[PDB]
Every structure is written in C-alpha cells, then in structure tokens.
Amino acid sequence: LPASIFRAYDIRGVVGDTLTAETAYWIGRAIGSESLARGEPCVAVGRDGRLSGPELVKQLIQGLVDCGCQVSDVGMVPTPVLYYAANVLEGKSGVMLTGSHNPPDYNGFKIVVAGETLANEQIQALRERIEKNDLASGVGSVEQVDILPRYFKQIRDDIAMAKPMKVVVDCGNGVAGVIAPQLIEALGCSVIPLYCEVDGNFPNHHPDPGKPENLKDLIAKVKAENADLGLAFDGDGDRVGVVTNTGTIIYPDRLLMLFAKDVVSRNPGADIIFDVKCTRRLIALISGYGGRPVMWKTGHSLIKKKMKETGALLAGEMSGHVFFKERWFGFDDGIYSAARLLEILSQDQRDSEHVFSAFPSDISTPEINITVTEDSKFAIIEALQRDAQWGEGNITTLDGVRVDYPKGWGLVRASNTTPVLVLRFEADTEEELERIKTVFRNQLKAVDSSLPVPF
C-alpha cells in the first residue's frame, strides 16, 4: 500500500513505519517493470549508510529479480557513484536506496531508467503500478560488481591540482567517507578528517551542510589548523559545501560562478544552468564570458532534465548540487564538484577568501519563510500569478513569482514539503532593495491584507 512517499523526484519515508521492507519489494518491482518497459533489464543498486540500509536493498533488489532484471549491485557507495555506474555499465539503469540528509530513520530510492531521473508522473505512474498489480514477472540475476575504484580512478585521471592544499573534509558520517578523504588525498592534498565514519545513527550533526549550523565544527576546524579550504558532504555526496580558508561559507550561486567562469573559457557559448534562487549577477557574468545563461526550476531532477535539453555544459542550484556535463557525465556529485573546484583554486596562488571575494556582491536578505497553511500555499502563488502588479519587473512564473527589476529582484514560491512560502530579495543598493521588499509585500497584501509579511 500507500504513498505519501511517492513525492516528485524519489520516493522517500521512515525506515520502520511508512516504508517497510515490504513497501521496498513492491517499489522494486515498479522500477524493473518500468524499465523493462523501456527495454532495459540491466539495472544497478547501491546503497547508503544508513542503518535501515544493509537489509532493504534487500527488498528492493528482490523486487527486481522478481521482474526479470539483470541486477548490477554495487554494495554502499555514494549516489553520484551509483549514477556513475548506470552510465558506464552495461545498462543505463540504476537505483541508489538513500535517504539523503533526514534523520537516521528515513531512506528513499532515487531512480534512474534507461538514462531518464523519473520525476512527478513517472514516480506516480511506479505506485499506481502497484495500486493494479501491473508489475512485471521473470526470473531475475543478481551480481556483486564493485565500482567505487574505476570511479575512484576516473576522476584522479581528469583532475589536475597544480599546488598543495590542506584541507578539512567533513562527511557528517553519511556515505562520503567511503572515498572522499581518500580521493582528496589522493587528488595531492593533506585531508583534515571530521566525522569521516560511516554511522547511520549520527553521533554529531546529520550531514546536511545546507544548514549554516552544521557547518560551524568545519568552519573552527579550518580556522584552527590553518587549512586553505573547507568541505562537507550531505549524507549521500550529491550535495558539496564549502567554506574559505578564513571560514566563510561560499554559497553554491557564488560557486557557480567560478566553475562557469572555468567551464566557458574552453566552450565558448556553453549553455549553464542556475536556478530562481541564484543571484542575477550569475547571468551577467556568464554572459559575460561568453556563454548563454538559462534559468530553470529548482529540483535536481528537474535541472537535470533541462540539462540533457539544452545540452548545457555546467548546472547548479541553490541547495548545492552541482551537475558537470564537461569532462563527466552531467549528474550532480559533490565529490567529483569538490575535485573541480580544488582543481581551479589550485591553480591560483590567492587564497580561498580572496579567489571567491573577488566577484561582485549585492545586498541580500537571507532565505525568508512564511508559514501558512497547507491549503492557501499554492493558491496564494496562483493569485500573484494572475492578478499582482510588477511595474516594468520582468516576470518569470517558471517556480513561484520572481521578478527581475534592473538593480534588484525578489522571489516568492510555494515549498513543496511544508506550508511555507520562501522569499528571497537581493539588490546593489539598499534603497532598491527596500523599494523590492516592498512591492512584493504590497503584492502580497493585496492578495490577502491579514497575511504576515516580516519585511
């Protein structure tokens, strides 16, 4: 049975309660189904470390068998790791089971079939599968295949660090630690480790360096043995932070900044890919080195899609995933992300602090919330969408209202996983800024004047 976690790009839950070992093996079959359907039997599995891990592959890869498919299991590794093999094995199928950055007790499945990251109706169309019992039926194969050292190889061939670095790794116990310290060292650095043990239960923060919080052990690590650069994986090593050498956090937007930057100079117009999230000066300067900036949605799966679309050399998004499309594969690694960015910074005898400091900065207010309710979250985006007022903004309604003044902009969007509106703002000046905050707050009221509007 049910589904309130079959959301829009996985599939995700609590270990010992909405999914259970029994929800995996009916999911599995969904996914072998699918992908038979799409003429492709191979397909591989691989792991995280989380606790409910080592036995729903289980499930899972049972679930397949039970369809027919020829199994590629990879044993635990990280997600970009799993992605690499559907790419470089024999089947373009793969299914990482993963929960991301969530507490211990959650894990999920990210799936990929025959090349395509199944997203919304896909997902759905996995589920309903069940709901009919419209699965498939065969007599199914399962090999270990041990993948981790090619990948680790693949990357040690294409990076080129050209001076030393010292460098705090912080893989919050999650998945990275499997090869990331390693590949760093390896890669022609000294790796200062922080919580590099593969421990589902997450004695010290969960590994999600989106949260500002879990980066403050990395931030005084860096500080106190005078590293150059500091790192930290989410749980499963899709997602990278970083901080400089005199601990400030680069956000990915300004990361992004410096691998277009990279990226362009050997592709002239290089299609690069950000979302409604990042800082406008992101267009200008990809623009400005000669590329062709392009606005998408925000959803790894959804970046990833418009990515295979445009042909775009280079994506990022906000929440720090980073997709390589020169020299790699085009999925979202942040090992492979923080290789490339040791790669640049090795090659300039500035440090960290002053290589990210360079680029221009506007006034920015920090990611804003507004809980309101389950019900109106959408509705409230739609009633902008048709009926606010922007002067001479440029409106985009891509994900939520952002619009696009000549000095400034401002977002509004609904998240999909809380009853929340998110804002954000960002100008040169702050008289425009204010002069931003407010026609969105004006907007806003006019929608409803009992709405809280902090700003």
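In this text, the rigid core denotes the largest set of C-alpha atoms whose superposition between the two forms falls within 1.5 Å. Numbering follows the first chain given and starts at 1. First, how it differs from the form deposited in another entry.
- Comparing the two forms between the two forms on the rigid core, the single residue of 42, 420, 57, 65 with a CA shift of 2 Å or greater is 420.
- Core-superposed comparison between the two forms: CA of residue 438 displaced by 2 Å or more.
- Relative to the superposed core, residue 325 undergoes a C-alpha shift smaller than 2 Å between the two forms.
- Shown in the overlay between the two forms, fitted on the rigid core, is a CA shift at residue 397 smaller than 2 Å.
Pass me the form deposited in another entry as well; I've looked at the form deposited in one PDB entry already.
Just the single chain follows, nothing else.
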C-alpha cells in the first residue's frame, strides 16, 4: 500500500490509483487487529453513495471478518450514522468507507476503535501492522443491521420545533439524501429538495458546501421559493452549510456562536471547542455566556479526541464539522446539527438573516492556500515556530502559528490533506487586516524568500 493514503485524520485514496480492492482488505485486517488488541471484537461498517462503495466494502468487511471480528453491516449510510452505530450497538468500533467531499473516484476510511477516532500515529500504526504482518487471524461474522430508522427516531424524539419552517435542502447528490429531507420534514418543515438523489457521479456540483460556488443553486432556490432557510450537506453528511432567507452564507464559526449560546444556557461553565480557523469573536462570545472557550487543531479526529479530554459539550470547525455532545454522542454530524439549528431558529420570531446578523462581524478573508511540498510544509511551520517574530500578540503554536492581535488575527498552518499552507486573516478594519497580512507575508519571506505570498 502507498504510504501517502495514510493521513493525519484518516485514510484517503483515489480508487484505481492509490486505492484498490486488495488494500481495502488489508486495511480491514489492520483495523480488526487494532480493535482486538483493545478488547473490541465488534465493528460496525458503513459506506457512502460512491461508485466504488459496493466493491471496497466487501473487502473491508472480509478483512475484519478474517481477524475473528463480529461485523455489523449497516450498508449505505451518512458518515455520522456509522458513528451513531459505533455508539448504540454492542461494539465501540466502526469504519466508514467514504471519500468525504472529494471527486467521484476518491474513497477512504474514517476509523473508530474502542470509542476513539484514530489519528496521527494510530493511522500510521495500521499501515505498519500490514507491513510487519502484525495481524490477527480468526473466523469472524457479519450481521445485517438496519440502523437508519433508529437514528431517525433518536433525533425526531429530541427535537422540538416551535413553529413550521420552509427549507431548501441540498445534498449535492451525496448520501445525505437518504435521510436529510425526510428527517427535516418530520420535524415539522416543508422541504424543497436539491440534488437529493444519491448519484456517485455527482453530475451537478461537487458535494462540498465549504466552497461558495457549490451554494449558488441553493441561494437562488431559497430566494425563488421564499424559503426560511437553505441547507447544504457534503458527500458523507458530516459537514453542513447554512444560507439565510435572503441568501447570506453563514460560516460555521458564526453558526457555532448560536449553538454555543444555546448549549451554554443549559450548561453553565461548559467547555466549547473551536479550531484555529475560527473567528476570535467566538472566544469572547463563549466567555460572555460563562463558557470555557478551548481553541484546538483543525481536523475531525483531533477535535473528537479533544472533546473526550476536556469534556466539552460542543465543538465546531471552520470546514463545517459540528460536534454535539450535549443531547448527543459527541461526533460530527451535519444532519443532527441542521436539526439543532432548526429547533433554535423556530423558537425565534425573527427570520434567519436577522438572528445571524445580531452577532458581531469582522472583515474576513476567505481561507488562503499556498501550494508547497509534502516534504516541506511541516518544516516551514517548524521554521516559523523557531524563528518568527510577530510583534505584540497572543501567539498560539498548537497548530501552525496563530497570532491574536487586539484588532484582528492571522493564521498559517500546514494542511493534513494536501501539500499546502492554509492561511486566514480577520480584522476590524482594512488597515489592520493589511497590517496582519504584511506581518505574515514578511515572516514567510524570512523563512523562504521565494515563497509565493499572494497577500
């Protein structure tokens, strides 16, 4: 197996190129062996609506079975529904066969062993098990398990909408179309579906609500139908995008402001986690409500680990991953988060635009990307962490370098999916935004004067 598919948060391949049926078998063997090493013979297995799903999942299942594992086959489900399985069934282990928000040929594996979502050296450990042949051998089993109807009822019975709402739902031809418009309707909503047919070809737009062009269709539909809200889901349903009645894109860091208020009001002193890509305004808002704001690393697995470590009741990422522990299980779930958004918005007399514009805004840049190399990106960060001068600010190095100034903040960190440096800037003024960009541009040039800085 190529070593590049083994990533910080999970396993990510290109089927035919870097991922084959055989490697999915061996990944299955490795995961069963880790589960058994942690005392867990029971593993749930789910797959998204990708074309290579049926081919690779039988291989994954066979790998696990060949360890002596008792496999619970949940079939085709959103990612969070797999996580739900590994919470409500016998076992605390689970593998999701998905290629997230990526183009059709991509697939991969999100992995939970004995309650813990694997990351960093644990993903690598799986690869090393195969190379070493440190693998269990046994005669496992496979039980068919229809889990979706139970997930559905779990949400419906806990969500209490105060008024009817009309919602455009965009599933981008991903697997959220298996449940999202159905469930949202059951909550007491009228749903206008967009691209809700599961088609692994993605003939319309890539199922990636993180990009604004993938929300064009949703925004027009909201306005055209006088819908109260628009919602978008990514390929596997662990990310949510939010649009207002007037077509305003609500980024997940401002979405997390509304949730934090909500969660913290029933839970004084609750720890609330956000990633380093999120507005500094979250810190203030969380503290304002008597919450404890915990800034952490980008990446779903790192966040979930952080939640168990801190006992946080809620977490959010700038990518669209939102993790509810309160009234839930603590995994990222775009579908459950949507449900929590709708409950809160239905309890208010104002429209979604005005609910969200009540909160403070700063001049914000879009996430910036500089392509470097896989063998340079961490070294650039380390050089910046060793050598860089930022002036007066609060310097955070937990993930790249973030510096919070009184009137804004800048960030630079290495992606864990691509050979890129990821940057973000926020400020009160254009003047201050430029000052911070110039600070960061000069620190990057000082590490490598040939670095292409587009700010």
